[PDB]
Structures are given as structure tokens and as C-alpha cells.
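Protein chains: 2
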Amino acid sequence: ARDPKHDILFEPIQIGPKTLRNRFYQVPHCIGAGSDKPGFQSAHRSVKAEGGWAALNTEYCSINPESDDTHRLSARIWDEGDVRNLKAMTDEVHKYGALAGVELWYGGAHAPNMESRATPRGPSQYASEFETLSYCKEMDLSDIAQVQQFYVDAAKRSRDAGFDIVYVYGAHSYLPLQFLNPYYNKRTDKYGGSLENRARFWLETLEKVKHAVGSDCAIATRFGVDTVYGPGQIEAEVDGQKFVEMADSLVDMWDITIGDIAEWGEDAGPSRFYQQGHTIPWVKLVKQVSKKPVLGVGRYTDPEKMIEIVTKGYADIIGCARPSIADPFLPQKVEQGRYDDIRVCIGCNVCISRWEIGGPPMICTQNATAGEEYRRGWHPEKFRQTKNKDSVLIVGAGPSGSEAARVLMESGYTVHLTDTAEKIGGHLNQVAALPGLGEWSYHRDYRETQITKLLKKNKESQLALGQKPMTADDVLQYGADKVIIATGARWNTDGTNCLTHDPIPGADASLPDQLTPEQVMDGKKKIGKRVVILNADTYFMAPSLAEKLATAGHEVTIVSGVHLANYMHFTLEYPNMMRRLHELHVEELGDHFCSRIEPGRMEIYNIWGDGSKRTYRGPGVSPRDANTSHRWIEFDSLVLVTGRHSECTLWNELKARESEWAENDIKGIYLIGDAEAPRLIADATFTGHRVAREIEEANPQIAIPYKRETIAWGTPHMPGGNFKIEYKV
Amino acid sequence: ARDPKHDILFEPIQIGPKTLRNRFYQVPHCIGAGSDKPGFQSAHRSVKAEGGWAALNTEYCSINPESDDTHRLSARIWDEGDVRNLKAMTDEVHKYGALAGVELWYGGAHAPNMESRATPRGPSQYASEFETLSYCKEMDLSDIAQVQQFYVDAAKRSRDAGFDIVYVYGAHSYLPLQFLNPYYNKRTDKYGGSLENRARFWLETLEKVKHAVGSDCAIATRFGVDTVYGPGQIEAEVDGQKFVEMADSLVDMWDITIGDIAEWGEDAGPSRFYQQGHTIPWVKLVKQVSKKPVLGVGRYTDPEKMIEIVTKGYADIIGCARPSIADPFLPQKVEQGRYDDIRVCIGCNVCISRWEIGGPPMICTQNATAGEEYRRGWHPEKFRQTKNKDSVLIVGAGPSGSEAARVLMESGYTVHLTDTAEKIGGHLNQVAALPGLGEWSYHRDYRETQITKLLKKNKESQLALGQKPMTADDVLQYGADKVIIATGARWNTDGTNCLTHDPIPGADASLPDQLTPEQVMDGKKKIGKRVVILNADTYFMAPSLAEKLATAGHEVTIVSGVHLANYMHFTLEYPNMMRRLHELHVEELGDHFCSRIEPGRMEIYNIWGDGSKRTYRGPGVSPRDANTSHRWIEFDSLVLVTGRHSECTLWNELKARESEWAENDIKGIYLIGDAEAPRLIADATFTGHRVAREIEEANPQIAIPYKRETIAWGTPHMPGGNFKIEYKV
Ligand SMILES: *c1c(C)c(C)cc2c1nc1c(=O)[nH]c(=O)nc-1n2C[C@H](O)[C@H](O)[C@H](O)COP(=O)(O)O
Ligand SMILES: *c1c(C)c(C)cc2c1nc1c(=O)[nH]c(=O)nc-1n2C[C@H](O)[C@H](O)[C@H](O)COP(=O)(O)O
Ligand SMILES: Nc1ncnc2c1ncn2[C@@H]1O[C@H](COP(=O)(O)OP(=O)(O)O)[C@@H](O)[C@H]1O
Ligand SMILES: Nc1ncnc2c1ncn2[C@@H]1O[C@H](COP(=O)(O)OP(=O)(O)O)[C@@H](O)[C@H]1O
Ligand code: SF4
Ligand code: SF4
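Those sequence lines, one after another, are chains B and A. Just so it is clear: in the first sequence, position 414 is 414 by PDB author numbering, and no numbers are missing. Just so it is clear: in the second sequence, position 88 is 88 by PDB author numbering, and no numbers are missing.
Excised from the complex, chain B in its bound form:
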């Protein structure tokens, strides 16, 4: 039964000329579809509509080619061709009884315009702090009028495309906020200086947009009410509440964020630094002055926390981005009282990393169907049922083997899942114990819960933990029709790394003064005072180990041959991670790698130490002057973070005996997850989901084709257009 206290989340609420059916609201978020992948855009949003979300929004939607985010992918509403592509989404969302919203965007200099080559315009000329080679033209009064007109023409196309909700977007330090914020706005005319003057651009845009479409569409606005930068950008109790009072009469609904664009991880709070509800102290300030409905995101996954912010009067509506990606059916699950089916977001920001890299589609660590709904036909809650009695043995219960188990049981198969480990979750169990990573637990907590539930409904299925390791003969004599090897990866013990692909002389994790991540996380092997971490990985392991050891009292130096924490730029974790290492006194030596190791010392070299001039010097000889930067540094312990290898011994043994499978009635054995190749957790989860989805295909080791959303030559994007080459001569 639904807890009756949760009934309030299912009450409707008026927003201008529209009604939201409940309090679950998907705020605008990127997915890597834009107006470019209309199947993905429409499936991803309409699965959530079917899942019960009251309103579904596009990501940021450019109003004109001079706000082109290429190389990143935004939605666009430039012309009739975009109207058609985006209407595929509004039509589909409407079929499930939800509203659709579009977030009208203009970036100023933050949009680098790499496709359009156009010049962005802004309140003053500046080079973007985020796109540092991108500059804008300072607007004159006619520029201001013409960009306001872009907004009006876009709002009109938006109504043509079937949208119910139209935003003017002034969060993440985009144009309306640029004019509001003296960090950007240095004008001394009537659009700069006092708050009334600084607000003028956004207020006139709202008035013009509302005048164009507002009796048909709700006019929303998204506002970074505090830049979380201190004085000198926007402060909630200085300009923020006061802007709200100025704009309140024009806005049908407030959508509130904090932070800027360069560090928008302050908005999309990674769980490493921020808990559910972290934005409350700023967001709550808006309902203190607004007489309109208000939401403000804060990684809300828990209906207990949701009813708290509503009954205490801090927000009227529950806005979510990530939680809707991890679980498009979150609302229906709360409505039906299926709390234990809720697939809770871990705030890892892998979904965001995709968009930040610029171009790739979204993926999600929890939800292997995000991005897959359209092109592979994978609905998160509906699985093809087996028509046979086949059984599957799965060796290994980390993200990949556990997801395979969950999906195969959902599809009706008999599944035996086994692991030496005491509990489900494989390498994630030690990872989630790293400083800050505690919520990454939820990935294996969800799978433990679901697998336990699923066992009750197939009676032949089985979960066996803390078992002896499976051997090739155990597998061969197990009795399963098909077998999945999901045995994971381990960190290298011998210095092998992506720069040289070879061991490092003297590297050996069995020695008393060297350790792998696993040995560090296990916490039995002694670690001395001075610790060097030798790093050839660009994600979280080395910085997380550095933080762990430094908080535990060690003097830590990281020697990195690749850009330290580079992938954390994309998950937005990097700025706070670097501040954390700095507070903790961790020393960083970038651009160095290690050519050999001995007890208590290691030799390092600057990676740019070879001569700059290449000549042909013949065979057997380097074409550059020799690198003479080598020097010795000391340590008491050396932690090797140099890369990973697949644990695929068992697979190798079974394959060498493939001639024996048929006589043992084994029809197939497949290799997934880290054991095939070291993957992101999201991608290991994906491989388990995919093999389970395709377990009946000719070769389940290899994905079948997905639908591609690429133009077909001979079909013009513009309706009635001419697709042929035409020179202007």
C-alpha cells in the first residue's frame, strides 16, 4: 500500500493556464538527443510520462544559430524542421497524459558556435570562463531587441511544436542571468548598474514571451538564485529574492538552481560532496517572497524527503533530473507503494560526463536502458518473456553478473547466481567504502533487493554467496543450458600501464613496501608514513586513495603520467576534488612517469624530456635527443594505480575445452563486464543487461544492430527543401 502521507505528491497544481497532474516534475536536462535524435528524445521522455511524471522537459533548446553549443549537443528550435522533430516528443508525452516543456536557451559567449561559426552577443564583451577562446560582441539597443525577438519567434515555434510549458532560461549563467550578474554585465546604460536595470533584459523577455504564447502555454523560468560564489556574483538574500519579487507577476512557475556554468556540479551535486536536499538553504528562500508555485532540484529520490519540503512550505513541486534518469517509473512506484522497486540515483554524474565530453549519447550507471529505449527497444520495466525452460549459471555477482541475473529473472529464466564474495556487488563494495562514495552502494543495494524479490517468483532460481570459486569442471558439470562468466578485473600488480603497455622493472605488489588499490582498501597490509601513488588512470581511484591515506595521517605525493582526475572534469567532481586534495596537503607531480622501482625509492622522468626536434637517425636509435630528466624519489610505501586487467582465467579454461561443451549439454558460454575488458561501472552493468536481453540471439557475445538516427541522403531536413548540392554563383 502507498503510505497515505505520500498522497500529497499526487495532488494537482495550477501553473498559469496549465495543470500539473501531480508533484513529480522532470526539469530540463540534457540527454545527448536534442532535435537531432527525435526517436531517442521522444522515447526517453515518453517512458517517463508513462511512468507518471507530470511534466517532461527537453534539455536546453537553442533559439538561434548564434547560440550553438557544438561540440556539445543542445536541442534546437531554429526552424520548421526542428518543430517537426520535437513535436514527435510532445505528441508522445501527451499520449500518456503529461505536459511537455521546452527550455528556450541563448548562451552568450558560453556557446562556442563550432557548427554555426556565428558571433554570440552579450551584455558586455567577455571571453567565457568555461569556453576560454569564445568571445561575444557587446549588444547595442537594437541587438537587445533582435535577441528578444529570437526568444519570441522561438516561443511561437514552441507552441507550433505542441509544447505546454515554455521557459525563459536564466540558470547556469546563461544570457538573462548574464545581464543580471555584474560579473558579466559592466554596462552603464539602462541595462546595467542598479538591480532594476540589470533585471530589465530578463523582465522584457518574459513579458514578450508571455505576450506571444502565454494564454496557451505556461511561462516558466529557471533561475540560479545564488551563484554560490560569494559577493560579486548573485547572492540569494541580495539580488535573488529581489529579482523574484520583480518577476513574480510574469512567471507562472519558478524553477530554482544554484551555481554557475564553470562549476555546475554545485547544481548537479555529485554524491561524493552533496547529500539529497543539499540545495534547500538557498531554494527555500524563494517561497519566502514568491506567491507562485516553486520547485528546486536536490537529487530527490526519497518520498519521505519530498513530502518534507512540500509540508514545510519550501517548495510546491518536486523537481528531478537525475532521479528520473535512474528511474523513469519513480512516480508510479511511489503511487503504488512499490518503494522497494525504486532504482535510486547514485549521484556519480556519468550521465553528465557523456554530454560534457561533447557529442555522445547519455548513459546511466543504474539504468542500463537510458539512451537505449528507442534504438534497442529496451523499456526499463517491460521484458520479453522466455518461451523455454533454459537455465543460466552466472559466475560473479558484481554490477555485470548481478544485472544479467536481474534481467534474466525478470524475463522468466531459471538463473543460478554464484560468487565467492559474501555479498552481491563485486568490486563496488570496496569502491563505495572510499571516502565520499557511500551512496554508490545503492547500485548493489538495488540489485540485492531485486534479486531477493525475484527468487520468490522463480522457484528454480538460486543465489549462492560465499561459495568456493567455480572451476572449469564445476561449470562444465553444473547443469545449466547457458553460462555467463562475469568474473571481473583486478588492478595491475607489476606496473603495467597505458603509456608503455609493459611492466615496470621492480614493480611487484607482493613486496612489503608496495600496494594495489585492493590491498589498500582491504586495510590489513601495513602502510608507512611517506606514500607515493603512481598513477596512469584518469578517473577516481588515485585521487580517492590519496584522500583516504592523507586523512589517515600519511604524507602523500601523486606521480601521474596521465592528466590526474581528467574524467572528473566531465563528472563535475574535479573542482571540489582538487580543493579537497589541496586542504589535505597532497603533493601532485604531473607529467612524470616511473622507469624503475627498488625498495624505498623509484626513478621518475618528465614525459616531455625528449628533445623537441625529430631527425632521421636510422635504426636502433631514438630520432630525438635522449631524455635526461630521470631522478630518484623516496617513499615508505608505493601505491600502484597503473591500470587494470581482466580476470579471465576461468573463461580461458572453458574455451580451451569448448569441444567438451556439447557433451555437457552446454549451448553457450559468454563473457561480460570487466572480465571481457575493464569498463566504467555503467558499462559493465550495460553488458549484463544486454546479454540478458539478447540471450536467445545467434551470438549473445556481440550486440545486434540498434536503430540509427543519422540523416538519409535524398531527404532534406527542412520540409520542402532541396537536398542536392547548389552553388551560389
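Just so you know, the hints here were simulated from the structure itself, not pulled from any lab data. Hints may be right or wrong, so weigh each one.
Said to hold, decoys possible - A few chain B residues facing chain A, derived, Cβ under 10 Å:
hint : residue
1    : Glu115
2    : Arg121
3    : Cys648
4    : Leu671
Unchecked claim - What follows is a list of derived Cβ distance ranges for each label pair:
hint : chain 1 : residue 1 : chain 2 : residue 2 : range
5    : B       : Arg596    : A       : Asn722    : 54 to 62 Å
6    : B       : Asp625    : A       : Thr452    : 16 to 24 Å
7    : A       : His630    : B       : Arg596    : 34 to 42 Å
8    : A       : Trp632    : B       : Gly193    : 31 to 39 Å
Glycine included, every Cβ here is placed at the ideal spot set by N, Cα and C.
Based on these hints, arrange chain A with the ligands on the given structure of chain B.
Just chain A with the ligands, lined up with the frame of chain B:
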């Protein structure tokens, strides 16, 4: 007329079953189109076919989704959709009598598969040294047979698509090279160990592809004959030549490069480091052993250098990528003896920088129609002719103003171009005087030459240099119908920068101990011994000034608030630039910026010195602990490289008197290039090209729409497919 010694370049040569009409060959190169923008792909290659190139190749062309380069854009030949898209290019290239070629690609772990999410396969499992989070599965024998079959199926699709030339691609350390090269290949079976074994994968692939399509298509191979890394990878006189001998009977034509993928600026050599012909010492080693036609790229633009390598017997064919982008008509121009019309590539690698960023279309510093042929209808050598006698005044002869003059004169307009400078070229004249950048001067040399010749045939046009600066009154009284303002930008003199968008206290380049780039390049202002460069720019200025200053004997420290030379990662200059700074003893302080300057000293701070934990602390205060890393450093001279600002005073004065334009018979005044917003040189050039092409449009200040190559919802990419959402249930 053509020099008779160039006649050799126009002799045909047989390659297997096909005939090249001349010795001008466009090797495979990225353009940002692949099979996804079939308009762009077909227009870009077919203009060159019209321009006399004997063969035009697609870029690297994936044979299967488990070699997907997303976020970077490759061609693809995975299915019938791609066959239709690429056939637009083969049909268009054939219309002009050239051969069309495709480059069959499989990247191993170098392809990060961010769209497909499939697992790449390789000779041994490694993490790519270029994509450092991307790992492959080690190939067993069936894997090898399967990937070989992918090449075969792609080659059959290629013949369907109408290609004449099919490559097995084994350069830039892609898969055939990975099996060849013990840096990657650690196998101990019959595909590893000896040369014969290491070559077996590439040899079998060639035999299979030749078998499938060889009667119909020339089989070419691209080979990184030396990795330029010394022993430990491929060396030309060790494995290189011996491999050519083993494969010679299978290959119709050799296409030779040097270098790997992580540092492929050794192949696409930047003029900063490499002259025309820089590859000859390695390339000529192939004809020492091969009996087949051979080419090897080397930034060839001069026909004198071209006949040298053919008459000496070092190559049979002139392969080009960049020269063909700068001038699609280079071969016709040589054929007709129009040497002074040749637009010579400057080796800036801005074209490549787009590809490297991942996703955007190619652009070109010399050729402002690259990427624009299809979507704007801009042919590089055909100009719509004016039908009126309108005159245009152009103030400033830098890359934008001189491009605008050139195009307007080619279009039949009367133009008067004026500048205070003694020579055409604007800010490029000092830029090209920086260490290594002398070849960048070709951009202005081309325009100086072209403008001089256009004046001889456009008799009412005029060039005036060494002029007094134009004032607003001079412009208003000048007598032109239209005016273009192209007055450029300057480096900031008060510390204004992209981090704070404000001046720095104490910054002022009028002080004797502080200098701008222009003051350094001018050479008059004295510079002291200890130099600090303060940098907030990510491209070439700060590194290039550091080189110049350290080579002149100064002790140089670079304090950089942004990632130093970040943009040079994309131009492939970064690795030799860092080696150059290291060998000159230039010190770098990354992650710091500057809070105030005084005579001989400046206060710097660590950019990550703020506390890592954000909390609500109310207005007037930072949400984090204070940054306490501030410290002073001394200098004798401080070079300010903090950002640029438009020089738009003349513009602002004319706009302030817009009410007088009609009295003075001025129909419009437009603002282009760096004076509208500081741009890359390629983009400043584009703005002048654009306004010239669009001088008759309603508002030439703003680009008209271009044709968009994005899918139309309702049309499936696969012929006969179903575009509608369908779930697998
Ligand atoms: C993209 C990505 C994938 C994320 C998760 C957030 C996001 C994305 N793109 C956005 C955009 O197009 N416009 C916009 O206004 N906001 C965008 N976001 C931020 C998102 O809307 C939320 O503000 C944050 O994710 C925090 O909310 P929550 O995920 O904790 O609920
Ligand atoms: C992309 C880019 C834009 C550049 C100019 C070169 C290039 C690109 N992509 C390539 C790819 O798809 N396959 C391939 O084999 N080579 C590719 N290239 C390298 C190019 O082919 C030449 O080897 C170099 O540019 C050197 O030749 P040149 O430009 O000096 O004539
Ligand atoms: N022979 C084996 N028998 C049983 N379990 C195994 C065996 N080999 C490895 N495992 C288990 O396989 C799991 C792989 O999990 P993990 O490393 O998280 O991989 P992934 O991320 O691919 O899911 C580990 O929990 C490990 O205990
Ligand atoms: N008032 C003026 N009258 C004539 N020329 C000017 C005036 N102001 C600036 N210039 C010239 O304009 C040119 C601008 O060139 P440049 O800086 O290279 O801009 P861009 O990169 O946009 O082409 C310089 O050569 C400069 O001398
Ligand atoms: S990738 Fe991590 S963050 Fe993003 S929605 Fe999924 S799960 Fe939450
Ligand atoms: S961008 Fe530069 S290197 Fe590339 S083709 Fe054009 S002029 Fe040559």
C-alpha cells in the same frame, strides 16, 4: 602557361585494375562529415575532383560498430544506409572524372565506442595510450576470423557504394599495425613473436579483401612505416621495409606515413616544427623495396618539390591532405600555370583541431569555403557576380578585411581597401614573426598577391596602405555605398581576463616593467632578465612568447590560470611545444592566477585554494573557507597574456551617428573579424568571406540560414526500416 617540367605530374599511372589520371592524390582525411553529412562529404570531395585531383578518399571508415570513434566523427560503412549516403560522394566524384576511395578502419582500443558501447578487440588486452579509459578484449582465433570478415563485408559494401579504391588502414597505430607492432602485440601464438607471425593478421586481411573486391577495385594499404619512437615500436629499416616486401604482391598502391596515434602531429606536421617534405627520409625507404606505386604525404604544395620526389624515384604519386583542403584547385592551377593563384596551406592544423575536439565540422584558416561548399553553396573558385555598380569601403586589411576585399573584387564590386599598416595582413604580420611561425605569413602573402592582381582587372578598385587612420568623418564623407569595419583587436593592458572578467589591480602595460604581446613583438620596449608571463589564454601566444624570450636569454616563468596551450593539444603541436619549453628551461606554474601587481612583484594564488565544502553562510560571505595560498613572486618584467578586446571605437562613433548615414548615401555599415569579437584567424577570415558573399542580403551583419544535415523524423536511416518507437516485449 605551365612549366614543361611539371608535365610529369599530369601523366597517368596504373594502380591494379584502375588508372589514376594524374599524380595528384587526396589521401584519406577527416572533415567532420563521415557518412553522417552526405551533402558535405559529396560537395567537399567533388569540388576537388573538379579541381583536378585524380582520386578522392573518404576519411577513416569504420567497418563495424565495435570500432566507433564517438565522440570523434568517422565515416561508417556498417550497412545499406551508409552505402546510400557514401554513394552520393562516389557519384559526385565520378562526375568530374576522379576515382573515389574508402579507408577501411578498425581502431582496437583506440576507438572509445561511446555511441555503440560495444567492446573493441585487439591482439592483446591494453588500455589505449590515447583513450586511457578504453580497453580491448584479447582476440582468440575465432575473434580474428570474425574481425577479418568485418573487413570483407565492408569491402563488398564499398564496391556497392561505387568506390574504386579500397584501403586496409594500418597507419596511426590502428588494428593491422597493432598486430604488427610488439608495443601492442604480446601474443605467443602464431600471430605474435616473429615478423612473419606479427604480419599474419594484416597479410590475411589484404588477401581476403583482394579476393572479395580486387577484380573491381584497387586494393591500397596505408602503413606507418616507422612509429618515430625508436626501437620498441616499428622502425623503417627493421620491420618496415621487410613488411613491405611481404605484402607487396597484395597491394596495388602503398600510402606511407610515420608516427603513432597519440602524437600524430608527426604525420600531419605543423609548420611550427616541420617543413614541406619532412617525411622524405622515411618515405623514400619504401621504393627501395617495393615494385608497386608509392606515395607518402609531406605537406606538398610546391610543384618544384613534387617533381623532385618523382624524378629522383622516392615516390610515384603526390599524396596530399592539408594542401587539398587549403586549395581544392591546386592541380588545375598547376596544369594551367596559374602558380600565383595557389592557396598554400600554412600548417596551422586548425582543420584537425575541430576533428580532435570531437564532433564539429572542419574549418580552414586559408580556405573559408571548407565545410561551406554544400551548406552555404560556396564554391571556392566561383563567385556570384554583382549586378549593380555599388562600391564598398573596407577599413583594415587584416585576415578579415583582406578576405572581404578579395571576395568582393572577385564578385565584380568596386572596392577601396585602406589600412594604417604598411602591408596587408593586420595582426598576422607580428604573429608570423614568432619562433617557428614563418609559414603562417602565406595567408597574407596569398591575399596580397590576389588583391594586387584583382586591382589590375577591377579598375575602379583601390588599395591604400600606410594611411592616416580613418575617422568617423572620413568614413561618412568617403563616398562608398557600403562600409565594412575590420579594425581588429588588441591584447589587454589592465589584466582583464576570462577568470574574473575584471582588470587586475596594478596591471598596466604603460609601466616600464610590464609588456603586452604587441610590445614584446615590436621589440623596442626593454625587457629585464627575469620574466613572468601571466597567462589566461589557451592557444599559442603565451608559449610562443616564452620560447622567444628564453631563446633570447631571459629566465622565464609562466603563471597560467587556464590550462597552458590546451588548444595546441587539438592542433597536435602540444607535445613538441612542451619538449621545446622544457629544453629551454621555461618554468610553468599551473593552476595559479594573480590578485595584484606592483613594481617588480606580483601576488599569486592557487585556483583550488578555497575550502572544498560549501555551506550556506548568508550574504556578504563566501560559502567556503577562505583561500589562504596567496604569495608574492618577483620579476624584472611581467608579460601580460590575459585576453583580447575588440578595437571598435571607429564603429561605435559611426553607430553613434547612424542618423547621418542616409544623408551621406551610405546604405550600410558592418562590423567583421576581431573588431566584432576576437576570433581564431580562420574565423576572422570566414567573417570577411561571409559578409562579402552576403553583401546584398537584408542584413549582411548576420549570416543567413545554411542547409542542415540532421535527420527528418519519419524517415528511417535504414532503407525499409521502421522509424517509430517499438519496444521489445
Ligand atoms: C544534463 C545532465 C545529464 C544532467 C543530469 C543535468 C542537466 C543536463 N542538462 C541541462 C540543461 O539542458 N538545462 C538545464 O537547465 N539543466 C540541465 N541539467 C541540470 C539538471 O536540470 C538539474 O538542475 C541537476 O541535474 C540537479 O538536479 P537533480 O539531478 O539532482 O534532480
Ligand atoms: C583529419 C585531418 C583534418 C587531417 C588534416 C588529417 C587527417 C585526418 N583524418 C585522417 C583519417 O581519417 N585517416 C587517415 O589515414 N589520415 C587522416 N589524416 C592524416 C592525413 O591523411 C595526412 O596523413 C596528414 O595530414 C599529412 O599529410 P599532409 O596534410 O601533410 O598532406
Ligand atoms: N571463479 C570464480 N567463482 C566465483 N566467483 C568469482 C570467480 N572469479 C571471480 N569471481 C567473482 O566475480 C566478481 C566480479 O565482480 P566485479 O569485479 O565487480 O566485476 P564486474 O564489474 O564485471 O561486475 C567478484 O565478486 C569475484 O568474487
Ligand atoms: N581607424 C583605422 N583606420 C585604418 N586602419 C585601421 C584603423 N584601426 C585599425 N586599423 C587596422 O585594422 C587592421 C585590423 O587587422 P587585424 O587586427 O588583423 O583584424 P582581423 O584579424 O579581424 O582581420 C590593422 O591592420 C590595423 O592597423
Ligand atoms: S549516471 Fe549516476 S547519476 Fe546519472 S542518473 Fe545515473 S545514475 Fe544518477
Ligand atoms: S586549417 Fe591550416 S593546416 Fe589545415 S588545410 Fe587549412 S591552412 Fe592548412
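Okay, the hints, checked on the actual structure:
With 10 Å as the threshold, the beta carbon of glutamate 115 of chain B comes within range of chain A, its nearest partner Cβ sitting at about 6 Å, so the hint holds. With its C-beta approaching chain A no nearer than about 9 Å, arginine 121 of chain B sits inside the 10 Å limit, and its interface hint holds. Taking 10 Å as the C-beta cut-off, the interface hint given for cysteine 648 of chain B holds, the closest approach to chain A being about 8 Å. Taking 10 Å as the C-beta cut-off, the interface hint given for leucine 671 of chain B holds, the closest approach to chain A being about 8 Å.
In this structure the supplied range 54 to 62 Å holds for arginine 596 of chain B paired with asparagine 722 of chain A, their Cβ-Cβ distance being about 59 Å. The hinted window of 16 to 24 Å between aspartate 625 of chain B and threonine 452 of chain A is violated, with their beta carbons roughly 44 Å apart. About 39 Å separates the C-beta atoms of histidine 630 of chain A and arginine 596 of chain B, a value consistent with the hinted range of 34 to 42 Å. Taking the beta carbon of each, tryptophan 632 of chain A and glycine 193 of chain B are about 35 Å apart, inside 31 to 39 Å as hinted.
Consistency with the previously given hints fails for number 6 only.
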